[PDB]
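Residue strings, one per chain:
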Amino acid sequence: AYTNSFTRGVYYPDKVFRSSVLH
Amino acid sequence: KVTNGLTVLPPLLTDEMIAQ
Amino acid sequence: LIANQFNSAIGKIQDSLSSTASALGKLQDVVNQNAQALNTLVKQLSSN
Amino acid sequence: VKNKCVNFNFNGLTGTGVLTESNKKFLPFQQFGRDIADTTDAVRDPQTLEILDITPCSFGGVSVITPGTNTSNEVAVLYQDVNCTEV
Ligand SMILES: *[C@@H]1O[C@H](CO)[C@@H](O)[C@H](O)[C@H]1NC(C)=O
Ligand SMILES: *[C@@H]1O[C@H](CO)[C@@H](O)[C@H](O)[C@H]1NC(C)=O
Ligand SMILES: *[C@@H]1O[C@H](CO)[C@@H](O)[C@H](O)[C@H]1NC(C)=O
Numbered sequence: 027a028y029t030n031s032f033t034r035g036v037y038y039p040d041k042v043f044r045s046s047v048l049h
Numbered sequence: 825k826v827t856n857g858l859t860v861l862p863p864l865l866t867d868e869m870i871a872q
Numbered sequence: 922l923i924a925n926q927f928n929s930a931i932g933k934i935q936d937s938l939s940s941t942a943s944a945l946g947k948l949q950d951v952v953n954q955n956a957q958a959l960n961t962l963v964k965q966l967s968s969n
Numbered sequence: 534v535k536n537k538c539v540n541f542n543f544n545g546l547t548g549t550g551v552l553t554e555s556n557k558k559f560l561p562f563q564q565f566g567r568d569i570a571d572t573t574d575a576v577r578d579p580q581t582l583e584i585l586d587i588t589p590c591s592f593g594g595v596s597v598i599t600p601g602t603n604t605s606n607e608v609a610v611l612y613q614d615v616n617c618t619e620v
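Protein sequence lines correspond, in order, to chains U, E, Y and B.
Quick note on numbering: the first sequence equals residues 27 to 49 in the deposited numbering.
Quick note on numbering: the second sequence equals residues 825 to 827, 856 to 872 in the deposited numbering.
Quick note on numbering: the third sequence equals residues 922 to 969 in the deposited numbering.
Quick note on numbering: the fourth sequence equals residues 534 to 620 in the deposited numbering.
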């Protein structure tokens, strides 16, 4: 039984706040 | 339409001056 | 007519400038590499 | 101490700047902020859960405006990019 994990599994790499930025 | 010791000196001829 | 031609001509730049931001590509570049130069200059501080 | 150029050392970093009350909303787990070009901008105090903006304290170039010494010796000094309070 296999499924498509479409876009999930993304977690904050660190404890660092950032804003309106592509890191 | 346009857009650590590092400083930006201002231009001598200001934008209002440039327009004149 | 020639006055009218030039007059209507003048208006066209207004639309062309207003429409595409790529009309000012060169000046945008002048900003951009300058922006890039500084950023690259700034980032180097993180290198071992 | 706020609104002063101080030598701060929060949990893991250090630096010199002006600590001011911020208007930013940090997440309950985040600790440090950053600017676009990888620069410390805000810090959560480890003791009070307050968000403080770090502004680097005043500095700039000093340029001497003088007439030629063959004419005078009286000068005038230009403190670049500061206001006339911190000088
Ligand atoms: C640290 O201790 C003080 C005790 O006076 C308390 O008011 C403050 O909220 C504490 N900070 C944290 C993050 O627990
Ligand atoms: C500059 O000073 C010299 C003396 O060292 C003098 O001979 C000359 O006349 C001066 N020039 C002017 C323009 O005053
Ligand atoms: C410093 O000068 C600026 C002018 O850009 C002014 O707006 C500001 O209120 C001044 N602040 C102080 C503390 O002198």
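Simulated from the structure, these hints should not be mistaken for laboratory data.
Using N, Cα and C, we set each Cβ at its ideal position, and we do this for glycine too.
Among the hints, a few may not be true.
To be verified - Label-pair distances were calculated between CB atoms; the ranges are:
1. B:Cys-590 <-> E:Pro-862: 13 to 23 Å
2. B:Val-539 <-> Y:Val-951: 36 to 46 Å
3. U:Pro-39 <-> B:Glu-607: 53 to 63 Å
4. U:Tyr-38 <-> B:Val-610: 41 to 51 Å
5. E:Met-869 <-> B:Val-610: 20 to 30 Å
How the hints compare with the structure:
no., hint, verdict
1, B:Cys-590 <-> E:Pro-862: 13 to 23 Å, "holds (21 Å)"
2, B:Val-539 <-> Y:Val-951: 36 to 46 Å, "holds (39 Å)"
3, U:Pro-39 <-> B:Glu-607: 53 to 63 Å, "holds (59 Å)"
4, U:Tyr-38 <-> B:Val-610: 41 to 51 Å, "holds (49 Å)"
5, E:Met-869 <-> B:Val-610: 20 to 30 Å, "holds (24 Å)"
Comparing the model with each earlier hint shows no violations; every hint is respected.
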